[PDB]
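Chemist: Below, each chain spelled out in residue letters.
Protein chains: 2
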Amino acid sequence: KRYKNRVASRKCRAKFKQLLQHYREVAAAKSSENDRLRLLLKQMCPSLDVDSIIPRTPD
Amino acid sequence: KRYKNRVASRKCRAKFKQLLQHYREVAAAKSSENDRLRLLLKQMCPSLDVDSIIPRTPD
DNA sequence: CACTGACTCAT
DNA sequence: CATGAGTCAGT
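Chains as they are written, first to last, in the numbering used here: chain A, 1 to 59; chain B, 60 to 118.
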């Protein structure tokens with residue numbers, strides 16, 4: 001029982017460690033994409049104040 | 060030093076759990092913002108395949 | 001000396 | 001079976 005719990009803790013922690021690694025990457029990827037879409041919208045609509053419409057969020 | 064480490068453990072787990080929650084929130088915040096940007100560009104430049112220029116990030 | 005990985009216990 | 005917390009060992 002002790003052995004099996006030792007296996008489950010390792011798994012939980014990695015689930016956890018990989019889960020943290022995953023959301024750290026996605027947060028960055030989504031943030032960079034957000035920057036790309038804001039620039040593309042600006043290129044197509046040079047007269048539109050994007051930052052005023054869809055305010056930026058911190059990171 | 061059992062008291063000190065007990066405290067540091069809780070702290071390390073709060074950071075880790077906090078860090079994870081933080082990135083998750085940033086990722087979710089950016090995603091919703093990006094969806095609003097993609098819609099704005101569609102309704103501003105209807106005849107433009109944005110997905111072929113900047114595909115959606117696999118959440 | 002504080003931070004963190006990993007084992008154990010109790011949920 | 002998964003996880004929050006105390007503990008020990010290593011960073």
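Incorrect hints may have been included.
What the hints assert, rightly or not - Below, a list of computed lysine-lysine pairs in the DSSO-like style, where the Cα atoms sit at most 30 Å apart: (1) B:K63 <-> B:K74; (2) B:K60 <-> A:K11; (3) B:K60 <-> B:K70; (4) B:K74 <-> A:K15; (5) A:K15 <-> A:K4; (6) B:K74 <-> A:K4; (7) B:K101 <-> A:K15; (8) B:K70 <-> A:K4; (9) A:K11 <-> B:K63; (10) B:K101 <-> A:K1; (11) A:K15 <-> B:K70; (12) A:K42 <-> B:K74; (13) B:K63 <-> A:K42; (14) B:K76 <-> B:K63; (15) B:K70 <-> A:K1; (16) B:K74 <-> A:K17; (17) A:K11 <-> A:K1; (18) B:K63 <-> A:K17; (19) A:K42 <-> A:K17; (20) B:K60 <-> B:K76; (21) B:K76 <-> A:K1; (22) A:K11 <-> B:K101; (23) B:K101 <-> A:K17; (24) A:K15 <-> B:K76; (25) B:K70 <-> A:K42.
To be verified - Facing chain B, according to a computed beta carbon distance under 10 Å, are these residues of chain A, among others: (26) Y3; (27) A14; (28) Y23.
To be verified - Each pair of labels, with its calculated beta carbon distance range: (29) A:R2 <-> B:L98: 28 to 38 Å; (30) A:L48 <-> B:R69: 20 to 30 Å; (31) B:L78 <-> A:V7: 20 to 30 Å; (32) A:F16 <-> B:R61: 44 to 54 Å; (33) B:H81 <-> A:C12: 17 to 27 Å; (34) A:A14 <-> B:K101: 18 to 28 Å; (35) A:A8 <-> B:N64: 16 to 26 Å; (36) A:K15 <-> B:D118: 11 to 21 Å; (37) B:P114 <-> A:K42: 13 to 23 Å; (38) A:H22 <-> B:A67: 22 to 32 Å; (39) A:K42 <-> B:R61: 19 to 29 Å; (40) A:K11 <-> B:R69: 19 to 29 Å.
What the hints contain is simulated information worked out from the structure, not anything from laboratory work.
Even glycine gets a Cβ: it sits at the ideal position worked out from N, Cα and C.
Chemist: Each of the hints needs a verdict: does it hold here or not?
Modeler: Checked hints:
Only pairs whose Cα atoms come within 30 Å are accepted, and B:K63 paired with B:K74 is accepted, the gap being roughly 17 Å. For a cut-off of 30 Å, the pair hint linking B:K60 to A:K11 stands: about 29 Å separates their Cα positions. Using a Cα cut-off of 30 Å, the hinted pair B:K60 and B:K70 holds, with the two alpha carbons roughly 15 Å apart. Between B:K74 and A:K15 the alpha-carbon distance is near 16 Å, which keeps this suggested pair within the 30 Å criterion.
At roughly 16 Å between alpha-carbon atoms, A:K15 and A:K4 fall within 30 Å of each other, so this suggested pair holds. About 27 Å separates the Cα atoms of B:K74 and A:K4, which keeps this hinted pair within 30 Å; it holds. Distance hint between B:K101 and A:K15 is unfulfilled; the C-alpha atoms sit about 38 Å from each other, more than 30 Å. As the CA atoms of B:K70 and A:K4 are separated by approximately 27 Å, the hinted pair is consistent with the 30 Å bound.
Restraint check for A:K11 and B:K63: satisfied, since their Cα atoms lie roughly 27 Å apart, inside the 30 Å limit. Of the pairs offered as hints, the one joining B:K101 and A:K1 is violated, with about 57 Å between alpha carbons and a cut-off of 30 Å exceeded. Among the hinted pairs, A:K15 with B:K70 is consistent with the structure: their alpha-carbon atoms are about 19 Å apart, no more than 30 Å. For the hint linking A:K42 to B:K74, the alpha-carbon distance of about 38 Å lies beyond 30 Å, and the restraint is violated.
A distance of roughly 53 Å separates the Cα atoms of B:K63 and A:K42; the hinted pair therefore is violated under the 30 Å criterion. Distance restraint check for B:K76 and B:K63: the Cα-Cα separation of roughly 20 Å lies within the 30 Å cut-off, and the hinted pair is therefore satisfied. As the CA atoms of B:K70 and A:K1 are separated by approximately 29 Å, the hinted pair is consistent with the 30 Å bound. Simply put, B:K74 and A:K17 have alpha-carbon atoms about 13 Å apart, close enough for the 30 Å limit, and the pair holds.
Note on A:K11 and A:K1: the hinted pairing holds, with a Cα-Cα distance of about 15 Å set against a maximum of 30 Å. A hinted pair counts as satisfied when its Cα atoms are at most 30 Å apart, and B:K63 with A:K17 qualifies at roughly 24 Å. With a CA separation close to 38 Å, the supplied pair A:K42 and A:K17 exceeds the 30 Å bound. At most 30 Å may separate the alpha-carbon atoms for a hinted pair to count; B:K60 and B:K76 meet this at roughly 24 Å.
A hinted pair counts as satisfied when its Cα atoms are at most 30 Å apart, and B:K76 with A:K1 qualifies at roughly 27 Å. Our distance criterion of 30 Å between C-alpha atoms is broken by A:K11 and B:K101, whose separation comes to about 44 Å. With a C-alpha separation of about 38 Å, the suggested pair B:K101 and A:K17 falls outside the 30 Å cut-off, and the hint is violated. For the suggested pair A:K15 and B:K76, the alpha carbons sit about 12 Å apart, so the restraint of at most 30 Å is met.
Taken as a hint, the B:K70 and A:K42 pair is broken in the structure, with Cα atoms around 43 Å apart against an allowance of 30 Å. At a threshold of 10 Å, the smallest CB-CB gap from A:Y3 to chain B is about 23 Å, leaving the interface hint violated. Given hint, A:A14 at the interface with chain B, is violated; its Cβ is 12 Å from that chain's nearest Cβ, farther than 10 Å. Here the hint on A:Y23 is kept, as its CB sits about 4 Å from the closest CB of chain B, short of 10 Å.
The supplied range of 28 to 38 Å is broken by A:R2 and B:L98, whose beta-carbon atoms lie about 54 Å from each other. Hint check: A:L48 to B:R69, Cβ distance near 48 Å, so the stated range 20 to 30 Å is violated. For the hinted restraint 20 to 30 Å between B:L78 and A:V7, the CB-CB distance of approximately 25 Å keeps it satisfied. Between A:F16 and B:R61 the Cβ separation comes to about 25 Å, which falls outside the hinted range of 44 to 54 Å.
Here the CB-CB span from B:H81 to A:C12 is close to 20 Å, well matched to the stated 17 to 27 Å. The beta-carbon spacing between A:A14 and B:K101, approximately 40 Å, falls outside the hinted interval of 18 to 28 Å. The hint said 16 to 26 Å for the Cβ distance between A:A8 and B:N64, and at roughly 23 Å that hint holds. Our hint of 11 to 21 Å for A:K15 and B:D118 holds, since their Cβ atoms are close to 18 Å apart.
For the hinted restraint 13 to 23 Å between B:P114 and A:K42, the CB-CB distance of approximately 19 Å keeps it satisfied. A beta carbon spacing of about 26 Å between A:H22 and B:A67 agrees with the range 22 to 32 Å that was offered as a hint. In this structure the supplied range 19 to 29 Å is violated for A:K42 paired with B:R61, their Cβ-Cβ distance being about 58 Å. Taking 19 to 29 Å as the suggested C-beta distance range, the pair A:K11 and B:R69 conforms, at roughly 22 Å.
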